[PDB]
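The chain below stands alone, shown as structure tokens; this is the form deposited without ligand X8Z.
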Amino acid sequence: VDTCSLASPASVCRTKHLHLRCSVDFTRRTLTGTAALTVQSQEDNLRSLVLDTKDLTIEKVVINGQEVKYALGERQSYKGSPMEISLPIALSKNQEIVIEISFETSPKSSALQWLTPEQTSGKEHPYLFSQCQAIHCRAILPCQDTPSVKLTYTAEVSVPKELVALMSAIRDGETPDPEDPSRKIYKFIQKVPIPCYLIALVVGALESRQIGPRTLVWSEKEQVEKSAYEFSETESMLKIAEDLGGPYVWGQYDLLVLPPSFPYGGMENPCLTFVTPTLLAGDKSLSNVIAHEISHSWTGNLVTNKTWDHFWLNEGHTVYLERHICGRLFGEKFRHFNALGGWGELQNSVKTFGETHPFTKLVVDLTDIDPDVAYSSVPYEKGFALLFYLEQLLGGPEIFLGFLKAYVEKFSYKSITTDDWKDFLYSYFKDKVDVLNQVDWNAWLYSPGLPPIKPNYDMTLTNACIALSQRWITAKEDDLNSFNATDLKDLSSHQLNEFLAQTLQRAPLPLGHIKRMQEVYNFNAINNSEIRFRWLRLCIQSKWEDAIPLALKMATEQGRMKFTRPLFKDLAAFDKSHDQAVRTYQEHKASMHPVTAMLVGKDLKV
């Protein structure tokens, strides 16, 4: 049973399709419209069902052309309020009805950010966007808000005519509003059954330019040139992901580069991946995020996790594919380098939570836990680590990729659990059941802390990062003169970032070493968001006052949670800046993405 959802479970009824016809109102910061759900019954004699809702105003519910009775339950925190609909005629098993619910969103909807014009690049027009992973789709519309249910949908969206609307679906045409000539209706069809966390909307002044045979890049006009350059290897990545995954079943693959308040690096919305504009490093150095979003097209969007207790199935197989893409493009030694960094970030998450803390288990139990609160790098890296370990044990990359394609093939258009994964892994590796029983499964799946085994890693590109970091850390004042900008000359931006990751793991350092590091490396000049973030974290943790305004400036001007939350956290901890960090949050709380705003307020103990 899906514990994070209050709707009737899939064992009762199943949404097959959603028709949504809505209207984006920027004066009220609301979406208003109707959600017509086509619901099949799974039982005999079905007379009622519950849907998920959150801060939605419900005007009425119409089945068979007539208003039916319904009741809203009391709010249950982050879960929202259940919405029971009294059905007018009892359904037999497999009977299908259409429920059309007239609704309105609240401006406080946790799934949406309402951007004023000054918060955009252009400064003339407003912007709005959505993030429904994990359980915020109920903040947009009543639904069975669980990934245990997949549905197709269609939409018609009325927006200011000067604006443009996109969704996670095939764009199905645009027309002016028959009822209101100042507006446009844009239409969307999604023919592939999807879980509702992938429903996506963005409304703004968008421009497009084509970067491949199935890719257009979407953003504000100021951002299109840079976006088209930065993501020009997407077709190449797709061809690899198809060769490893099997056919791409979604048709198009467009990329939308969002404003900086977007809280994730990416979101794998079918046909329209959302990406952070912090990926625009000028050099395609952060292209692995695109490889993560492309990979989700199979592992995530096709093979879906039945519940959020099994999210690792989403992220771990995806991180496994993403590094496989990156491995093709740039070499097997590069895959291992990324893999090893991954274990590095897993070390930090376990250090941060504590090695016995429940969110460090691969499979979590999310009863009474906001998924926004549990979100970490753990499910990505522990999932990846498990799959890497399994690769090595079971005969290396070629064989484990055979398992991975069969896995997509085997579970496409379904929502699975960990036993469904492990059972199939066992059916596939019939001849290696002895190898598999050797694996310690309770530990990998259900024990907290680090995995019980570490897989073998090639060290070739990593050894240079570890060397320079150790040189800095074992340096005493009288060695600091020997550091020089030629220390970095054979370092890729990636090894550089790994050098800072290595160093940050041992923070703090003497103020003097940091001062010197700036002096000869000019890290401050670097605009790569990964490098800068770690360099800034290193400076604040090492107590450098000069870095307060920079780290502050990064924490607010962008809003990617991977960077924003540790920056406010480090700053809260540093005595000299603690009070500016709290006051800066409170100055910008209103203007922040609601989930980011929530997590930073808790992080800051406001």
The other form holds:
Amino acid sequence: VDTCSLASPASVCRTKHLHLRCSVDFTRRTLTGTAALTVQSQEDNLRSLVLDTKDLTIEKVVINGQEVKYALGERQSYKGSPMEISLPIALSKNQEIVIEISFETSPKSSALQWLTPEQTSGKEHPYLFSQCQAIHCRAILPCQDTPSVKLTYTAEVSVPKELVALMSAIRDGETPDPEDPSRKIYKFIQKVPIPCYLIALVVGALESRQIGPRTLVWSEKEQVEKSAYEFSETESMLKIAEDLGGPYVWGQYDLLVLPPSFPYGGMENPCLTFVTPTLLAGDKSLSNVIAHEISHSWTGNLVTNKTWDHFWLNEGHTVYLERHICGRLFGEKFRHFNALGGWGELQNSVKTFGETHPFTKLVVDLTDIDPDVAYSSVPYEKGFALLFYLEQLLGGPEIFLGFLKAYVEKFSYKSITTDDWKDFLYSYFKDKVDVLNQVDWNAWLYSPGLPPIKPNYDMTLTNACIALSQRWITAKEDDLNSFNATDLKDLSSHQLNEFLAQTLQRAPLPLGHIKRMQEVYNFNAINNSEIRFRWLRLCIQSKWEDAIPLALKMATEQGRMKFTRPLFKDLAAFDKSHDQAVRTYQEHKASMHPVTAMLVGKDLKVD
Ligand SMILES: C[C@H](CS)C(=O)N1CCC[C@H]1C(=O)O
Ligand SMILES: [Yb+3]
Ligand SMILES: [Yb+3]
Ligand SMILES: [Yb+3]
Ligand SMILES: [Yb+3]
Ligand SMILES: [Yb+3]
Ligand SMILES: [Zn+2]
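Pass me the form solved in complex with ligand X8Z as well; I've looked at the form deposited without ligand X8Z already.
Starting with the chain above, the whole complex follows.
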């Protein structure tokens, strides 16, 4: 049961292909065009079917050259409106037909953000980008909006000629629009079957630079050079990921650096990963987000969650490969460092949600829950924690890596549940069932709170972080003079980050300690977004008013939800900044990403 979709389920019928012809109207902020769905019946005598839509205007539905009848049901809030279509002939099992739907999106589409020129880098051209995961594809085009169905797709997209269109597919040529010489048509082909959440579109003043044999980076002109250097490890990480997961099947692996309002670190669109510009630290230090996006080329994009209830499958395996890529690159001690970090993140979200909250369960029941509201680090880190525990139980990384690659090969091109995964684990490790039977499955998969067991972590790189954070916590006023810029000389950027994460977990500290920290370590100068984030949270939670313009500025100048949401919540929890926080949210709202706007609104209780 896909409880997030209102469409006919895969048991009734399945989309096999989408042919999208559309046009991006910046003046109206709509996409207008036709989606031709090739639909296969999975039942005898099939006479109608249902698709998901959200805020779509339907002009007509044509099958076999004639218009047919359809109806739109009433709005079911965030699930949108079900669209029922009457087929002009009854279909037998496995018969196919092509349904061509003429449609137009709302300017308020939850899939889309429309940017004026002044909201971009170059200031001369507007920009558009999509984010379909989880259930926003329906807010672009009628479809069975469920990751239980995989289709191939072709598209032709008409844009103003001075702009560039890209999708989650291979570029298949461009020509002038023959109906409007002020527009170009860009063509695309996705030959590998994908869930519709993986359909993506960007349109903007984009340039490309090549950075490895099957990778171009794309961004506006002003970001190209910085991005090319920042993501230069991409091919070596692709090679390591092929070694762990088997052949990369997607042809190209290009990267697109989005504007600052992009809501996530990354989105694994096939052929074209989207990333936040907040990765551009200048030293490649945030490149684990590229390792993660690459790993999704296997776990998520080849083997996919059957419904969003089983999202941990996508994210937990991807974090598990991500941390192996970083470990082959930087050493096993560093993999442990990141894993132990991941645990503290899990501790953080459990504490923020409460230890009985349903959203701290690994497998979540999303009946009547908007997946955007349920989204957190839990499936990433509780999922990773489960895999890391099994790895240790089952005889170490080399052994558990053979399972990962077999699992990927078993379920390639399929959509699967937690039970499918577990069955295969039991079958793969048949000779270790007795070990597998010591696992508290009910607790790990279905209980809220921290898992019932904590893995074993090497401490080598973490100890210096803990040691410095503990010095600061236990320091009294007469001890502040002992801290010095030399305390940091042997810490990597990752260790500075993790010193601040440890210290943040015991926030607030006295305001005098925080001011000293700034005096001796000058964290205010650091532009690494992860480090800056945690330091500003430390400052605001410790009630340093000087930090208020700095936190508001970071919260609004980018819109990665990982940063924007905790900053606004911290700023709203501080009496001194409460009113500016609400006011700035309100003045920025209209020009925020729509999912980000909604979430920060809920977080702040505004509207
Ligand atoms: C690296 C992943 C890609 S699925 C991501 O963007 N995350 C993971 C949880 C937070 C959020 C973020 O970094 O903004
Ligand atoms: Yb029949
Ligand atoms: Yb007509
Ligand atoms: Yb071609
Ligand atoms: Yb079994
Ligand atoms: Yb003392
Ligand atoms: Zn991911």
